[PDB]
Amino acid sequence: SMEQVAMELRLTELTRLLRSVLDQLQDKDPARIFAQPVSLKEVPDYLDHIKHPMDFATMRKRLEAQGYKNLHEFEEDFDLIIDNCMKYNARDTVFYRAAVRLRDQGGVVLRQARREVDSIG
């Protein structure tokens, strides 16, 4: 159907917007602390602590399979990266501080993306 294609063009455009957002968020992590999943070989107990791991590479795989239906789903995944880190790592750690900074800096980007998604539909 013709609707299904129109829908697929918007999902495709949403993916386009979300890719740009993902790149901007990832730039706020120059240390690359959140780039890849936490290693289960190096942190073997991690899943005892954190039930839903997340990282920027895993978000990118979902993004490119058009696995994000709306900005809400995408923000959920971004929030997981931050919130998981802030639970597993103590307050006085380079990792916890890096999450706080990603959260603060990412807020500005997410703020405008929500407006863009509402504006362009």
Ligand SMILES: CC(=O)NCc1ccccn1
Second form
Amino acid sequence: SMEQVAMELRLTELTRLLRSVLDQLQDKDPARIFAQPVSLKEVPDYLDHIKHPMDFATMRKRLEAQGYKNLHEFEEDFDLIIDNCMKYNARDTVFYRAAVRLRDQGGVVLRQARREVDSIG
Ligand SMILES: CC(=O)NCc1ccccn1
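Okay, that's the form solved without N-[(pyridin-2-yl)methyl]acetamide, but what's the structure of the form solved in complex with N-[(pyridin-2-yl)methyl]acetamide?
Next comes the full complex, this chain leading.
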């Protein structure tokens, strides 16, 4: 149907916007601490602690399969990256501090992304 096509066009547009947001957020992780899933070989007990692992590579895979229907779903996954890290790692670690910095600096990006998704519809 024509409606379905229009829908898929919006989704494609959303994906374009979210790809930009994702690139901007990942730039706030220069150390690439969140680039890849935590290695279950190098951290074998990780899943005992964290029930829903997340990382930028996994987000990007979902993104390019057009797997985010709205900004909320994307933000959920971004928040998982940060929140998982701040649980697993202690306050005095380079990992925890990198999550804090990513969350702080990423807020600016997500604040404008929400305005853009709303405005463009
Ligand atoms: C993103 C994250 O939580 N990383 C923790 C970690 C991974 C490997 C070695 C030490 N610590």
